[PDB]
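In the form deposited without the ligand, a lone chain appears below as structure tokens.
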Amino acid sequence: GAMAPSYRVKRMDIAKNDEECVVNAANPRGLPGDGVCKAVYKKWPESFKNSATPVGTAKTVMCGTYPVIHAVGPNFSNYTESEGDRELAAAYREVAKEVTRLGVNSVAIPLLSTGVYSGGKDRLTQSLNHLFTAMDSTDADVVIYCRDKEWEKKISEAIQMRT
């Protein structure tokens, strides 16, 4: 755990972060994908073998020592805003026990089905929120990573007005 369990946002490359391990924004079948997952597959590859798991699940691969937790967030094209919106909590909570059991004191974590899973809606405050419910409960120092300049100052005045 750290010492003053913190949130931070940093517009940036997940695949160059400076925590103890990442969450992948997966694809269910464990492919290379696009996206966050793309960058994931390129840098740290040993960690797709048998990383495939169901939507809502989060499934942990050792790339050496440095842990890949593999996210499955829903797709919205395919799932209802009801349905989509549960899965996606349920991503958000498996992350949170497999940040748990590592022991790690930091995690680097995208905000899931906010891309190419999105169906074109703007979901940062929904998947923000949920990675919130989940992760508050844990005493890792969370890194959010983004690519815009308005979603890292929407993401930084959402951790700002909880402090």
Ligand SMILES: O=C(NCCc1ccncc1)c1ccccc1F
Second form
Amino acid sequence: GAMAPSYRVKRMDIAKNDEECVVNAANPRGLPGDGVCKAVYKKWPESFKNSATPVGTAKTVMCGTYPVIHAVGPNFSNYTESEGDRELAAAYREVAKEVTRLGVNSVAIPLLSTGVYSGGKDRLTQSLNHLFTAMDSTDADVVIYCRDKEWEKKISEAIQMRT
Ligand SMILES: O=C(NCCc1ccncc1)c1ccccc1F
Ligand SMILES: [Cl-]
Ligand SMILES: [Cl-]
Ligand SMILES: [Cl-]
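Now the other one: the form solved in complex with the ligand, given that the block above is the form deposited without the ligand.
Next comes the full complex, this chain leading.
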């Protein structure tokens, strides 16, 4: 574990992370996709061998010795708010199991189901709170990666609020 497990946020490409493993915001079919998923495909294409996994699950595939955790959040275009919320919470619980199993001291994570899978709604708070519920019992250093300065400030404020 980390000596003093922490949460941090950075506004940059998760493909340039400084952590011991990465969470991909994957599609269920293991396809290159767009956004975080395409950057992850360009950086770690070997990790997409047999990466397909259902919604609400995470599947780890090694790129060399570097673990890529493919986490499949729901597409809120297709799910009800209620069922989507359940699957989004589940995806993060499976990420916490994988991070623990791998024995890493740090993980780079995106906010699942907040972009092309958001169904056109702001899900910063919803996605971040499910991330916290899952990861709070892990002792890895968590570094959250986002695209926009607005969200960088809101994620930073949410982390600082808990102290
Ligand atoms: O800002 C948003 N999402 C995070 C950034 C992001 C990343 C990748 N593709 C798209 C958007 C957002 C806010 C309100 C409604 C819909 C949104 F998608
Ligand atoms: Cl960047
Ligand atoms: Cl998304
Ligand atoms: Cl983001």
